[PDB]
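Asks: Build the full structure now, drawing on both the sequences and the hints.
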Amino acid sequence: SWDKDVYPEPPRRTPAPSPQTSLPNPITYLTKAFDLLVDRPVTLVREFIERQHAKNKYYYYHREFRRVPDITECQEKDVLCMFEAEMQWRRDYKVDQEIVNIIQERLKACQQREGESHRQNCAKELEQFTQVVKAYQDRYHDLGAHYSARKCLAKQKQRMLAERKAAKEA
Amino acid sequence: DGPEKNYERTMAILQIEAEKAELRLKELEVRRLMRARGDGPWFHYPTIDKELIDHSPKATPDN
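Heads up: the protein sequence lines correspond to chains p and h, in order. Numbering of the first sequence is given in the authors' numbering, commencing with residue 3 and proceeding in unit increments. Numbering of the second sequence is given in the authors' numbering, commencing with residue 81 and proceeding in unit increments.
What the hints contain is simulated information worked out from the structure, not anything from laboratory work. Careful: at least some of the hints might be erroneous.
Said to hold, decoys possible - Label-pair distances were calculated between CB atoms; the ranges are:
no. : chain 1 : residue 1 : chain 2 : residue 2 : range
1   : h       : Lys100    : p       : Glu11     : 46 to 52 Å
2   : h       : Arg104    : p       : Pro10     : 55 to 61 Å
3   : p       : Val70     : h       : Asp81     : 17 to 23 Å
4   : h       : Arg112    : p       : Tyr138    : 15 to 21 Å
Where is the CB? At the ideal position from N, CA and C, for every residue including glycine.
Replies: See the structure below:
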């Protein structure tokens, strides 16, 4: 269905029913009615559709992009190299947006799953969210609507220069 | 159109436009030098033709 490592879940722990009353549980009998009247006919329809799909099985693939030289390796104003480097940077930018979305979805699912214990039990998801947001912010934030690989590089070199100076003074 | 056709069509467009931009910049530089120095085919304002001069002996000797 989906990669359990990319979208992890803990092992579910349900407690067995432990009635302390003589009254019948209306939920238990509604569950039987739902299984018989709703789930069973629904499952039959799907199984029929699944048979048709097996008769006609065909594939689609995930496009793989070869790495090309990046903007740091492009001569100034050499548009042919800048174009390939720029299109690559844009593709990675769209991928990093989705990486942050994956981490945000982990954080949101953990908070709902852990209930009232979420502040303690979701620490690791929160910490990972904090790190990827920091990395994403360093790469791309404040570039403006006309962002480009060139502006991304100019921002990185500014950060690197401040980091070198800070260590120099240290 | 597939993404490879558009991608490589873009490169062909970029090559033509980039080459034209370079030629446009050279022409401005070439024109500037030719006009300032007059050593090229452009801005070649005429001077009198020397084949109009008479070289035969004249009526008097000093010329």
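Asks: Give a verdict on every hint.
Replies: Right, here's what the structure says about each hint:
no.	hint	verdict
1	h:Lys100 - p:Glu11: 46 to 52 Å	violated (58 Å)
2	h:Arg104 - p:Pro10: 55 to 61 Å	holds (58 Å)
3	p:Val70 - h:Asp81: 17 to 23 Å	holds (21 Å)
4	h:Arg112 - p:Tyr138: 15 to 21 Å	violated (49 Å)
Consistency with the previously given hints fails for numbers 1, 4, ordered from lowest to highest.
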